[PDB]
Amino acid sequence: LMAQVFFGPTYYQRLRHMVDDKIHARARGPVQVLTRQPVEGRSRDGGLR
Amino acid sequence: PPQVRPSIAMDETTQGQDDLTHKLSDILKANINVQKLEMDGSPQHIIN
RNA sequence: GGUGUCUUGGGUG
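As they're listed, the protein sequences go chains A and B. Reading the first sequence from the start, the letters are residues 1 to 49 in our numbering. Reading the second sequence from the start, the letters are residues 101 to 148 in our numbering.
It is possible that some hints are incorrect.
What the hints assert, rightly or not - Computed beta-carbon distance windows for the label pairs: (1) A:21 <-> B:119: 32 to 40 Å; (2) B:113 <-> A:31: 16 to 24 Å; (3) A:15 <-> B:116: 36 to 44 Å.
What the hints assert, rightly or not - Chain B is nowhere near these chain A residues, computed Cβ spacing over 12 Å in every case: (4) 1; (5) 6; (6) 7; (7) 8; (8) 13; (9) 17; (10) 23; (11) 27; (12) 29; (13) 32; (14) 36; (15) 38; (16) 44; (17) 48.
Said to hold, decoys possible - Some residues of chain B that are not near chain A, with every Cβ distance over 10 Å (derived): (18) 130; (19) 136; (20) 146; (21) 147.
Rather than coming from a laboratory, the hints here were simulated on the basis of the structure. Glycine residues also receive a C-beta, built at the ideal position from the N, C-alpha and C atoms.
Produce the entire structure from the sequences given, and follow the hints as far as they go.
This is the structure in structure tokens:
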């Protein structure tokens, strides 16, 4: 490489936010009793506002 | 209609009415108590 | 074939 690279060890952390806990998609699913609109929640297979 | 005040399920066998339903029930109790005063003795400090 | 409601607290953008 034409340029030299700053290189060495550094202490890194594994944070609790993983993509697989956030990825959500919904085509059709459960609706609310009162409003008949998509429910709220990734765990409930809801829709986005 | 009940659509405007639908019930819900608490533990698989239980349902509580929506707030509007209990409110209407309280109104009905009040109405019937009113209909128990203009039908018999009512010394003017219970009707109000 | 049909997987419920409201508040408190702690975070992410």
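Hint by hint, work out which the structure violates, then give me just those numbers in ascending order. Structure breaks hints 13, 14.
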